[PDB]
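The chain below stands alone, shown as structure tokens; this is the form solved without this ligand.
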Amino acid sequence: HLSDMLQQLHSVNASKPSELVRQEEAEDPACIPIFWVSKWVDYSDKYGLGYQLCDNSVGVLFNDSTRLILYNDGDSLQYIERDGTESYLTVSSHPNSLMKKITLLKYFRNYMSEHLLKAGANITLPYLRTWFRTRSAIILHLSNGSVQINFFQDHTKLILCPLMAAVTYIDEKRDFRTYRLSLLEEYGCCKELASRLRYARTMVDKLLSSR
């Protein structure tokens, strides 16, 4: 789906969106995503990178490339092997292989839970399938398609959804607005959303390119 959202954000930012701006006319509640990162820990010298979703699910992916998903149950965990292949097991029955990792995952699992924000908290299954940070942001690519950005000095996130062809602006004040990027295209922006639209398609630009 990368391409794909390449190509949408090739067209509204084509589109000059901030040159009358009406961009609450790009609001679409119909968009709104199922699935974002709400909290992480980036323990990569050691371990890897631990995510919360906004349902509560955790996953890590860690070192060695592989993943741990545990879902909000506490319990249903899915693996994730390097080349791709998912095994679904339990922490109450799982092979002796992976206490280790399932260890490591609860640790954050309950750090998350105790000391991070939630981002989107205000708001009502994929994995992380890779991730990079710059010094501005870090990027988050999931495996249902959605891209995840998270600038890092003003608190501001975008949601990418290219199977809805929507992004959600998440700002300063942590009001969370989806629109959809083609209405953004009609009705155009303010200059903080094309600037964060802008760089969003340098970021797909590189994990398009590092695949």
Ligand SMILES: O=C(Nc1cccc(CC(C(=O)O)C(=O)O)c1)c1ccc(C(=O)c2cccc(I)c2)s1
Second form
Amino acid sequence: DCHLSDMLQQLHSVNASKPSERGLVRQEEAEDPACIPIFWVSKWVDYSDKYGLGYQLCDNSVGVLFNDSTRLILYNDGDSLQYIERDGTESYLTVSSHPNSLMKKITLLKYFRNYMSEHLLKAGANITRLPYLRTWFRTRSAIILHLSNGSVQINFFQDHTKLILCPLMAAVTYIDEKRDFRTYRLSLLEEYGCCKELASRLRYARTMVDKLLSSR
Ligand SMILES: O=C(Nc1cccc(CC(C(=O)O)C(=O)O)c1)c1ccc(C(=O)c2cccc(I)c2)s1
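Alright, leaving the form solved without this ligand aside, put up the form solved in complex with this ligand.
Expanding to the full complex; the earlier chain stays at the top.
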């Protein structure tokens, strides 16, 4: 159990309040820079049909969630490896030590690494323990990223709008079409309201988070 239970409480409360239909809306008053996320997914590559999912964190680290449900992570120095089993047990390595065991998986990771650097661009670049990708799925409209620190990210394909939900600080960071990185306290959104756009994706978020809960 990550903090999805209670992520759901935060969203149910925000949506039940209907921040879209509100007399005077001052979305700006709902912002709070003390809730700015440290980690989010900046790039991702779906290759589940074969290997699994590769992604890049905003800290320039790269991970891969394989079809066997193990995760390999390369740190920002390009040498340190962290490996997480199904069981969630961790162990640490370096590429340079050339471990026989992970040779096949290290190689696949490096492949994702290169693709991402060559063909993909940094989502939320302008902005100032390392988690892993616990689980993920995509709809026809979005891809849903569940990190091990409890945060859940939703990326909407059509217009490149992203949500980062942070259960701990009870927060949400919304990246709009103009690529503006605005962070809000979910509770303050109830009070001050928000625009129809954001209020609809918070709804979608809840449906998605609920979908994460019934698929453990
Ligand atoms: O570098 C590789 N492909 C590549 C190398 C040189 C030139 C091209 C042609 C190139 C192109 O047509 O622009 C492309 O398809 O990327 C392919 C690959 C590196 C990894 C590949 C994998 O087998 C791999 C395995 C797991 C995940 C991923 I992304 C890729 S192939």
